[PDB]
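Use the sequences and the hints to build the structure in full.
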Amino acid sequence: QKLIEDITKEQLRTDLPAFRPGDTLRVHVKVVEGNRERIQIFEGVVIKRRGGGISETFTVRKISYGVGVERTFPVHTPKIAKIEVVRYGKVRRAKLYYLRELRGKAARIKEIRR
Amino acid sequence: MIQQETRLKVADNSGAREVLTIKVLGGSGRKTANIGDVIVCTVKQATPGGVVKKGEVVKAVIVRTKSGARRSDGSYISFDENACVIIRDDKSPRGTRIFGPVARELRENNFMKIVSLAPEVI
Amino acid sequence: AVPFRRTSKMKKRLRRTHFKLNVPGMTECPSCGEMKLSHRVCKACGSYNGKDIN
Amino acid sequence: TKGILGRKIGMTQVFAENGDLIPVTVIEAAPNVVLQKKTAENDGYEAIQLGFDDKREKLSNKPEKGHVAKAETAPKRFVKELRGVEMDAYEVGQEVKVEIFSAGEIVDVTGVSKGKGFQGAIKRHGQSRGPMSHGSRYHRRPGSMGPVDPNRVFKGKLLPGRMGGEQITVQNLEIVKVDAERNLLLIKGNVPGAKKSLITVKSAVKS
Amino acid sequence: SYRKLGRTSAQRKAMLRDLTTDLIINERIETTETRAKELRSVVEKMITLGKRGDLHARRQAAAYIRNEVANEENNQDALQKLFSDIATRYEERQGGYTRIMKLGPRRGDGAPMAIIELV
RNA sequence: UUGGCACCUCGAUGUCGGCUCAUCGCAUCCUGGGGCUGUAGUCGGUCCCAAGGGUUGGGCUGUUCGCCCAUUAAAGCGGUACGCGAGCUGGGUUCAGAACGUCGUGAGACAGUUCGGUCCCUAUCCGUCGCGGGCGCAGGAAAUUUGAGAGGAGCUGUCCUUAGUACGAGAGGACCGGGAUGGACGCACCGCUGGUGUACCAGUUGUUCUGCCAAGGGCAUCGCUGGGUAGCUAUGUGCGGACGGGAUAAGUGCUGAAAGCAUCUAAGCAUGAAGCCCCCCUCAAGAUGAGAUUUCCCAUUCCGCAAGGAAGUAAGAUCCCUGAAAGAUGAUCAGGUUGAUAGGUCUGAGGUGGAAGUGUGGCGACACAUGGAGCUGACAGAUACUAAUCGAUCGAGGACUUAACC
Ligand SMILES: [Mg+2]
Ligand SMILES: [Mg+2]
Ligand SMILES: [Mg+2]
Ligand SMILES: [Mg+2]
Ligand SMILES: [Mg+2]
Ligand SMILES: [Mg+2]
Ligand SMILES: [Mg+2]
Ligand SMILES: [Mg+2]
Ligand SMILES: [Mg+2]
Ligand SMILES: [Mg+2]
Ligand SMILES: [Mg+2]
Ligand SMILES: [Mg+2]
Ligand SMILES: [Mg+2]
Ligand SMILES: [Mg+2]
Ligand SMILES: [Mg+2]
Ligand SMILES: [Mg+2]
Ligand SMILES: [Mg+2]
Ligand SMILES: [Mg+2]
Ligand SMILES: [Mg+2]
Ligand SMILES: [Mg+2]
Ligand SMILES: [Zn+2]
Numbered sequence: 005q006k007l008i009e010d011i012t013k014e015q016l017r018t019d020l021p022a023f024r025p026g027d028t029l030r031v032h033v034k035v036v037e038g039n040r041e042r043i044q045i046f047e048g049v050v051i052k053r054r055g056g057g058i059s060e061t062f063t064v065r066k067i068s069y070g071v072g073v074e075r076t077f078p079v080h081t082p083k084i085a086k087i088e089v090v091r092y093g094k095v096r097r098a099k100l101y102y103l104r105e106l107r108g109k110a111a112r113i114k115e116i117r118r
Numbered sequence: 001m002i003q004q005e006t007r008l009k010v011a012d013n014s015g016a017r018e019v020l021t022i023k024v025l026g027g028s029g030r031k032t033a034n035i036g037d038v039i040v041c042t043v044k045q046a047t048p049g050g051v052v053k054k055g056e057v058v059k060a061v062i063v064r065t066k067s068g069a070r071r072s073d074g075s076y077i078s079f080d081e082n083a084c085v086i087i088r089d090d091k092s093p094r095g096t097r098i099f100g101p102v103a104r105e106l107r108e109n110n111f112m113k114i115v116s117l118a119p120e121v122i
Numbered sequence: 002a003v004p005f006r007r008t009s010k011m012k013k014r015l016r017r018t019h020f021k022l023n024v025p026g027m028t029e030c031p032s033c034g035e036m037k038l039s040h041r042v043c044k045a046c047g048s049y050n051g052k053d054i055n
Numbered sequence: 002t003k004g005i006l007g008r009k010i011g012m013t014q015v016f017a018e019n020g021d022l023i024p025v026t027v028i029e030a031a032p033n034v035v036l037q038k039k040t041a042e043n044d045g046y047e048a049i050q051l052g053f054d055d056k057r058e059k060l061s062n063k064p065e066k067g068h069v070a071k072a073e074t075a076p077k078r079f080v081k082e083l084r085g086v087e088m089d090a091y092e093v094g095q096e097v098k099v100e101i102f103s104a105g106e107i108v109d110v111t112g113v114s115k116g117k118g119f120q121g122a123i124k125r126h127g128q129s130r131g132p133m134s135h136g137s138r139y140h141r142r143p144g145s146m147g148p149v150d151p152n153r154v155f156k157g158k159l160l161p162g163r164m165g166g167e168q169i170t171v172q173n174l175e176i177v178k179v180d181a182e183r184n185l186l187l188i189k190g191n192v193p194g195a196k197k198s199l200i201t202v203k204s205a206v207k208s
Numbered sequence: 002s003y004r005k006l007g008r009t010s011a012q013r014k015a016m017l018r019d020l021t022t023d024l025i026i027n028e029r030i031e032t033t034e035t036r037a038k039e040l041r042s043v044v045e046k047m048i049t050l051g052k053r054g055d056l057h058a059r060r061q062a063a064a065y066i067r068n069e070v071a072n073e074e075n076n077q078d079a080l081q082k083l084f085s086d087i088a089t090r091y092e093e094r095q096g097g098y099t100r101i102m103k104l105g106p107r108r109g110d111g112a113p114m115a116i117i118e119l120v
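Residue numbers (the entry's author numbering), protein chains in the order written: chain i, 5 to 118; chain d, 1 to 122; chain p, 2 to 55; chain X, 2 to 208; chain g, 2 to 120.
Think of the hints as simulated: they come from the structure by calculation, not from any bench. Watch out, some of these pointers could steer you wrong.
Unchecked claim - DEER-style ranges, computed between Cβ atoms: (1) i:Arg24 / g:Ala112: 48 to 58 Å; (2) X:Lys59 / g:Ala15: 40 to 50 Å; (3) g:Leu104 / X:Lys117: 30 to 40 Å.
As the list claims (entries may be wrong) - Below, a sample of chain d positions facing chain i; criterion: calculated Cβ distance under 10 Å: (4) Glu18; (5) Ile22; (6) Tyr76; (7) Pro119.
Note that beta-carbon positions come from the ideal geometry of N, C-alpha and C, so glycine has one too.
Okay, structure coming up:
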């Protein structure tokens, strides 16, 4: 295991602020149309942070024009410029799966800062 | 993971509201079709006006699916409803508006007009 | 299904060449002198691996 | 050609400088040693034996020790043969090390799959099931057995039995990275065989 | 993995708890082979809990051990006996508190019996 | 196929459609190669060679048939008891109930219609799929191999260029050659996305126990609900059917007489297909024709005139014991005290999500701090603390005859 550990950790990334599930944050992703590199800003709620090591991923969810959209990344990808953190939130689960329904319908289903 | 008999709701000001999948174009089997593909489908509910009438046979592309595509860089993307856009027998759409965002695997294909008409692409 | 024909004595005896027992693995409890079986407690001497086990 | 022997470790990912996730198997090795050079007259062909992963002495008998003595090394555990290769880059006792595979290479991998024990037809051959409703009493069964006329069963009807656990070759895999320090190999894709098992790597033949 | 002993989950757990307390009391019990082979890996964990010796570990153990009387003339309960006596005895041995000895087979069903005991 | 005959079966050879599994023929549906054309090109028509692979989802009917919808390169025709009911179904078909139409004075009848209506069998032998034991192979063992022979695989679309070129008034629109990217099918695997995950973590209802509070246990489908490690998995990921060689079929030929000419042939020499034989993958010396190479052990003791037989051993292996990368049981593989094989302990990984106790705030349900805490099955490393003790059995002494060299 230790072999996998270090030969991977060579490629690790050491600038991401710590963050638990259930807190909004902005993400700066480098999309490229073949010519330039726009920087799409995509922010939402962290639904799930899964797995360990270089394989650790996470999930962000947001709504835009009625429909909700999910989006995941491997936390150590170089495709990401930076990760701000907007607001912490108090939750009890570690997988905010229940949010997939209580979004509209006037259901003010939000978090509360710690 | 759209397949035969799946129901979809269109995302344009064509006149239809929801549609039913009849056949998935492509090879011979083609059990299913993911995002960024074209199917043949029949209208089930339409607005009283609209350029499309209830109970026809038309072609449509797939713009959003609940199960979502997987990009090459390891990132994923998903939605929470299956949508589609009616095709005027060629990549040109038939309506004029587009509602809700669309995926990004359309620009990799030849659907320039749609991805231009979208409010935002993800 | 049903036996279509009876079975001769030859076949009946040939089938049973593998239906037998095996002489156990015996040893000598070097405390009493009887035949325990390996890796087990000599119930005669009540002793195993030198010492005794009440 | 050229090839070595190794051990399977596990799987993980790396990031190509393009920024593309890539599944990667990790096959380590140690310096393999040639043991015997099969000439063309004593033997009707041409090959070399490769040793690997020496064992402690209490597990080696006199014949094997004598056999290895010609190469002056410790008794190895696995001894395989490698046929198609030039026979002047090698002399008994020479070491073969991982650095003979540059990155971006294309190689072949050969192992033995992992066992699955006795298995039914549905899983062993991927047949279909009967309907599990509508008064049916048929599902997970190997189907019919053939026509009536032959009065027998043709050699080739597939039935349940022990599944998996045999040799397998996967072709046209690409070496990603090579580390001469830990003696590692990083391969795109995934190779057969359970962890901690023997694995053969040879240069691609379809070329 | 772990054996099943041909019993439902709940029955398995109950039998294990009972065997554990019985061993703590008698310090040498006798049963079938596989049963003891499975039992040791639980007895040792309980002994570790006892060696830790604080309120938290005590409540943890009580949530697993039954309520029998170990030494009645002293009215000592099995749990208290465990903590005080056992923790005081195996004070420094690092794991491996039990041992297993194999007897011949039984008569009524030929099962192989064995003796388990504290070191 | 509709029929003719009545040779076998009436001390029982059970129908039609569908499901699962297929296999064979070729008078070819697609893909491959050609001749002719009333073939400009792109489409075609017809005939010759070719059976390697491929050959669909629905609506209506018990339906085979049939019609229709939508695709595809194509939606082939037939045999195998109109394949396959000790493999499944029972819808129609032909028992007993009832009703309508028609016939009969009447019981009833109709190859007219309609509703309802018991499908039994523990595999003896051959056969097919897997796994072991014995013996053989002129001494006894451990490994690595050649490959007679057998099996597997064999499909194909779209787009961009060559080029709007050749061809064609125009309309339209190429062969040949390159390059990307799919469909279906197959093999492997769990790093990713997901599923399961009944000795993991948390929340919560009822009741009953641990004397009481606090804290916990039992039962209620695992009580219910939210997550989830390892393993096993597909809808997930990776890869495959490439490039070629030799001999051919239909065809096209060169040279050339029989027959001063002509002629693909009689003598000679070529070219020529998704077929054939190789190249790719797997099994394989019980291939009794029992192969080859490397290494180890040696040629004891008793009997036996003799023939030969018997007993202790060598190299090596097994009994027994700890197990899992293996597994129905055998078998295989890792180990047996100069050892990390398993369990426990310590340290980690991941999982869950803020323990108890105490204190503070609140009248109270509760909140906050101590504190990413506490707990943790299978995963990693170190550690001989416990268990693999002491022992037993099996196992060679190498036949003759020739020819080489001696
Ligand atoms: Mg006998
Ligand atoms: Mg099916
Ligand atoms: Mg016959
Ligand atoms: Mg229960
Ligand atoms: Mg009869
Ligand atoms: Mg023909
Ligand atoms: Mg029939
Ligand atoms: Mg017939
Ligand atoms: Mg039958
Ligand atoms: Mg009646
Ligand atoms: Mg009437
Ligand atoms: Mg009348
Ligand atoms: Mg009926
Ligand atoms: Mg049966
Ligand atoms: Mg039998
Ligand atoms: Mg994993
Ligand atoms: Mg209480
Ligand atoms: Mg009770
Ligand atoms: Mg649950
Ligand atoms: Mg292990
Ligand atoms: Zn004794």
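Hints, verified against the model:
Judged by the Cβ atoms, the range 48 to 58 Å given for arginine 24 of chain i and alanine 112 of chain g holds: they are separated by roughly 53 Å. Range check, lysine 59 of chain X to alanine 15 of chain g: about 46 Å between beta-carbon atoms, so the 40 to 50 Å window is met. Checked against the hint of 30 to 40 Å, the pair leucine 104 of chain g and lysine 117 of chain X passes, with Cβ atoms roughly 37 Å apart. Interface hint status for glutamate 18 of chain d: violated, as the beta-carbon distance to the closest one in chain i is roughly 15 Å, over 10 Å.
The beta carbon of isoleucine 22 of chain d comes no nearer than 25 Å to any beta carbon in chain i, farther than 10 Å, and the hint placing it at the interface is violated. For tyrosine 76 of chain d, the interface hint holds, since its Cβ comes within 10 Å of a Cβ in chain i; the closest pair sits about 5 Å apart. Proximity of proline 119 of chain d to chain i holds as hinted, the smallest CB-CB distance being about 6 Å (cut-off 10 Å).
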